[PDB]
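These are the residues of each chain, in order.
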Amino acid sequence: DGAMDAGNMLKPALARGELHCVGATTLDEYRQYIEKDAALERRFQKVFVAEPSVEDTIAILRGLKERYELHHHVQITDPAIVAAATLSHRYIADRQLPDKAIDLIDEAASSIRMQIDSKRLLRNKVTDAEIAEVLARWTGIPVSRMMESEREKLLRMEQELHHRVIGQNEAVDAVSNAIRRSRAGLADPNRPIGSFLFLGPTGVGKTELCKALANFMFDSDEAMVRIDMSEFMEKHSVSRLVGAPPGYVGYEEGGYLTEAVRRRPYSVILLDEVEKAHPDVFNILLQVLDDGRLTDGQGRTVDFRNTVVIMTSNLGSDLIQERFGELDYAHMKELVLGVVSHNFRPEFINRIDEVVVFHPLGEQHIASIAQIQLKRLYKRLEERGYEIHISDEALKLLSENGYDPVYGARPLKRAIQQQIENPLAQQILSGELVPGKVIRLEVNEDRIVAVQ
Amino acid sequence: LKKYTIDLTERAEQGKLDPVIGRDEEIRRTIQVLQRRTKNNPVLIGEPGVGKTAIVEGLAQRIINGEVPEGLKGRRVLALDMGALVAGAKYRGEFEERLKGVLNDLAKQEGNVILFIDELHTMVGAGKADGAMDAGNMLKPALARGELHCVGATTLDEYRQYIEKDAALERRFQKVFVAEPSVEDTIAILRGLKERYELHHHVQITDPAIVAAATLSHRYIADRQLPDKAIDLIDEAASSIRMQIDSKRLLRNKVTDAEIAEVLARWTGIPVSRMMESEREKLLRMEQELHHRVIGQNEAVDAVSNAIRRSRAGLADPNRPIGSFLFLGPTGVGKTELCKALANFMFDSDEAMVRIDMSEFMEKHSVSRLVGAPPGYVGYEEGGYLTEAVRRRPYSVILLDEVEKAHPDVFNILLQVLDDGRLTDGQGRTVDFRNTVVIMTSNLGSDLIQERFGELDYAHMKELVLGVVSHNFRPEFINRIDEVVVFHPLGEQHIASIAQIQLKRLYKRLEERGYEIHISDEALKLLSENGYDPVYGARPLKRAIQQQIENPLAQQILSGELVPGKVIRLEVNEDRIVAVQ
Amino acid sequence: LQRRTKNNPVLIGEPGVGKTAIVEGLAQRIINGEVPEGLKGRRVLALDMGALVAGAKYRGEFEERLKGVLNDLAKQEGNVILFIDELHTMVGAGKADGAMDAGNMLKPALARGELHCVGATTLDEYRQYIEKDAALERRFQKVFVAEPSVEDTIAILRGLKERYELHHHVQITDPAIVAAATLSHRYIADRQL
Ligand SMILES: Nc1ncnc2c1ncn2[C@@H]1O[C@H](COP(=O)(O)OP(=O)(O)OP(O)(O)=S)[C@@H](O)[C@H]1O
Ligand SMILES: Nc1ncnc2c1ncn2[C@@H]1O[C@H](COP(=O)(O)OP(=O)(O)OP(O)(O)=S)[C@@H](O)[C@H]1O
Ligand SMILES: Nc1ncnc2c1ncn2[C@@H]1O[C@H](COP(=O)(O)OP(=O)(O)OP(O)(O)=S)[C@@H](O)[C@H]1O
Ligand SMILES: Nc1ncnc2c1ncn2[C@@H]1O[C@H](COP(=O)(O)OP(=O)(O)OP(O)(O)=S)[C@@H](O)[C@H]1O
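Chains as they are written, first to last, in the numbering used here: chain G, 1016 to 1467; chain L, 15 to 595; chain E, 12 to 204.
Don't read these hints as lab results, they were simulated from the structure. The C-beta atom is built at its ideal place from N, Cα and C for all residues, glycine as well. Please note that a few of the clues may not be correct.
Distance windows between CB atoms, simulated [claimed, not checked]:
#	chain 1	residue 1	chain 2	residue 2	range
1	E	44	L	216	18 to 26 Å
2	L	580	E	193	19 to 27 Å
3	L	39	G	1054	50 to 58 Å
4	E	157	G	1184	49 to 57 Å
5	G	1042	L	24	55 to 63 Å
6	E	157	G	1039	41 to 49 Å
7	G	1093	L	205	41 to 49 Å
8	L	124	G	1054	40 to 48 Å
9	L	216	G	1399	28 to 36 Å
10	E	106	L	124	47 to 55 Å
11	L	122	G	1093	32 to 40 Å
12	L	483	E	193	51 to 59 Å
13	G	1302	L	333	29 to 37 Å
14	L	17	E	160	54 to 62 Å
A few chain G positions that, by computed beta-carbon distances, are all more than 12 Å from chain L [unchecked claim]:
#	residue
15	1201
16	1355
17	1361
18	1395
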């Protein structure tokens, strides 16, 4: 109420030296509590304790190794000591280095002790192979050992992305190679896992590849940090990516890009239609794409160096579908990089690890996207109880009425919405197409409707 | 201790905790942190609804059933209530000795107590009556030494709001991320939890209702989690089934997939319920119900009714809006009348529409009233017009009137709205547009449709360009609108029918005043003679009605020459429409 | 109000629509027996946050009496429907110097179904207060109270004309009832119907 606090009562005894006080505040709690009382800050010689090296932490972890080996009854190997101070320095960003190396050492020791009690893979030894299993569970960044079940999944990464992105071989080979470079440990630890400029015509598979990439590593299309850059046409819209400065509304809410990657650092970032953004929004992504370190408005640096940043754009579109049938991919990428040299600054084009040119879909690709978009329709109809069978006569109606070389594979989905589902919804609604019987989609000579 | 903690492990002995299905790796990771030497305090961060409190309640049932490691056998999970810790704590040091009485009673348990602080961010500043912080700071030595075994459970955005501010306390807690489960992983959640909801409601929840509620709420509810938004479909369908058993041959018992869609359609408004009723007939005559208000435009009334029927059959692409139309055509032909007749069909109110008048977006910076200001700018809290109207009512008609009178890259912000059905505010809220009909009326090619619709069929009036520079100049906005309609110019046989539509609007304006109006078939023909201009559509008829009918009629209503009760008859006496009684 | 978990409904709408006059009309279905067998004899208690925060000067005094309400709502064996007019007031109420508000203390009891709470926020007081507390927004099922038609407002006004004829000792005619719902819907724009 009015009585004396502990600051003002030790203030005589601190200055006189009768009190040999040691404090251990943080740098932030010294500023907002002790440094605001400048008469009390006067009495306290601050000994700055720096965050140590990795090599200083391997010496720290080796000393209290036996204090954690005795509590968990495991033996922590020195490969696990070195790979806890190396891996936590790289992959943990919010924490500080003696501690976050001990958290890996302690929880890998705690998990081995779980694996002897709660059940050669029943043995009391913390190896570097399972410090990383704790860190891949801490962070989500798959730094684990990856023995054969996921090793076989991404040896077939291209034909698992070609289940959903038909054609675009040079693009599926570009993103599958960046995930193999990271998961073989060959990726540059400073830059992101991949930086991709997906150029190409419209409707051609370049946002489909990001949705199939995010489906590959996260089993959900909506498991990417999807950022539509056409909401960033204004120069002051970079406040949506990094957040508001201190003093301003929605400053506590943070950014959208930084706060999504600070939560899950192993992400896929889609920057859709990136040329529609203001040219000062790419300046935010300069520090994201090379030495990935986007900073909040709060001043929290976010490590983007475990993300796959994909920037899909529509820029060589007039030049790609005009010249792809007469150029190889080397001369075509050479010619579209001349077009995006006029849109993006050379600073920004130089950060991108792979500028990928998507080719316009031929008639034999759109005949195969017809199979995808119709199997999506059968799964949409077995939810309602109806069983559809397309004819091969009606498949080459949709692969010909849905083939427009300018507009990609969206006319085919539009042909499915118009001459498959538009008359089929009339007949599901009228009741004359009953479930249970297999619905056959034939052609009379030009178009006939479902028959059962 | 027992004054301030609820025992989750004796709640689990008595069966009062819900069964917890899945989360085998989020409970193993929260056990692995709890078995650490120092700083054994696992924090279950996640979105609100994902199952963070149910991990500790499924850890508490795991240390009872003995599916837990030794060392956690026989633990007590004690839910620390921090509203009870700061309850009577008026005087100084009354909270701080309550908190220390808990910490000293946790030390007498010899580490055989797991502490649960649900809503862990409420510990950050709980005493706080003198200056520097009390709880948090008082638990900070015990949390770092490894003496509490304190399981937290915060959301992701109350962790950064409250706990990441105290970076010394954020240190002491190991973030166990609790991801929102799959639609497949929450079917197994709802199956091992339906007996708790079959028993409270005295109903039967069928497994089709379990698969429906996980699938439908994942698709149709956007501001909800996983297990949380699928449970309250089977919880509120069962609550509604039990109401129509207890209150008013006439009493079903099962919760089926139809009752799940019936409560999701009352939640969201998106009509996902069932198409067996008398409203299945309303959609078969959608073109007849739209042609009571839109004369002609058959290739447009068919095209906007096919997309409603494609959604109600469940055939619509769930990743795009319901329809995405470009209504091209001349002036006064029924482009905005069809978007008004459609919202009058779907919502039975003409103004029940998110109509954006796109002739206010002639500047590029006007696009931020669709989505709102960014963080830090003025009007950021208000959100956008388009985003907050579709966040509230997700099943909408969005009319974008006169799109060609917008800035040519306001349509960039609709590239995600039409292809993907998403649009993000300045506040970072992604609004789903996948249940909207986005109609975009425009007057492009109006000089081309008025010139060539008699010469060409509709297939050629929609294209008819081999090498000419611009049918539509928009590059890749045009292939994500799913159906482009050319509206045709209204002939005299159409404007004879709009003459009767616009006169029935006039008859209702007069029967609200007590007057009863009769048109002759010659004054109807005289309106359709001089209300027919071809290049101006059907507004010169609405001018010919207000000039040749309503202008003498308003002068004769005010002068008392036409009193109510008697029938007013509009016939031609000389070549003019007079009103006689 | 009759589900197992998280049984907290809210008449979210616009100001004037009839949100407070649903819980005033649910509290009359309860007396007249026009509720199901689970709400027979229940009590709709209207918790005001202005009396809980009033005089809660000391540390704990808001917490003590809000926990005192929750301890006294539990003695009712679940027979009390709680009703918070202006539910956005709770989100932040009692906010001292870092301590949690009424929103965080009611968050365990709202999600378990111990509170059969009813909220009555508008659509934009829910958006700026409760929808920011995303874990409290979860505990509350949005019952969207739509603004009625003119044809539903003449039916409203016909039921209330006996209550306004009695306050003013005037006689309201049914043309005056139809005109007040038809003309205000057309000419008044700032209010809801
Ligand atoms: N190569 C492809 N393989 C399979 N489906 C495809 C392919 N290309 C397009 N599609 C389908 O067509 C839709 C539109 O293609 P997108 O790739 O999303 O458009 P886009 O490639 O981003 O081009 P823009 O510039 O955004 S119009 C996708 O959602 C798929 O369903
Ligand atoms: N794995 C699970 N098994 C069974 N029920 C679950 C599971 N996960 C969640 N639930 C239930 O789904 C609902 C989710 O609510 P809670 O998990 O208690 O809330 P929460 O996850 O703590 O999120 P907040 O931020 O505390 S509101 C509850 O009814 C849980 O019982
Ligand atoms: N085909 C029609 N059927 C019925 N009424 C019509 C028709 N066309 C026009 N009208 C009437 O005339 C008015 C003007 O037509 P609108 O459709 O609103 O203008 P528009 O045809 O959409 O073209 P604009 O000027 O470019 S917005 C409508 O409000 C109706 O009252
Ligand atoms: N369905 C209804 N039946 C009868 N009277 C009603 C109905 N809806 C509203 N009213 C009356 O119309 C007025 C509406 O006021 P309230 O319903 O109290 O305000 P509100 O809906 O709670 O909005 P606020 O300002 O956010 S409290 C009151 O006089 C009610 O008595």
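Evaluated hints:
no., hint, verdict
1, E:44 to L:216: 18 to 26 Å, "holds, 21 Å"
2, L:580 to E:193: 19 to 27 Å, "holds, 24 Å"
3, L:39 to G:1054: 50 to 58 Å, "holds, 53 Å"
4, E:157 to G:1184: 49 to 57 Å, "holds, 53 Å"
5, G:1042 to L:24: 55 to 63 Å, "violated, 44 Å"
6, E:157 to G:1039: 41 to 49 Å, "violated, 59 Å"
7, G:1093 to L:205: 41 to 49 Å, "holds, 47 Å"
8, L:124 to G:1054: 40 to 48 Å, "holds, 45 Å"
9, L:216 to G:1399: 28 to 36 Å, "holds, 31 Å"
10, E:106 to L:124: 47 to 55 Å, "violated, 38 Å"
11, L:122 to G:1093: 32 to 40 Å, "holds, 39 Å"
12, L:483 to E:193: 51 to 59 Å, "holds, 53 Å"
13, G:1302 to L:333: 29 to 37 Å, "holds, 33 Å"
14, L:17 to E:160: 54 to 62 Å, "holds, 55 Å"
15, 1201, "holds, 27 Å"
16, 1355, "holds, 16 Å"
17, 1361, "holds, 24 Å"
18, 1395, "violated, 6 Å"
Of the numbered hints listed earlier, those contradicted by the structure are 5, 6, 10 and 18.
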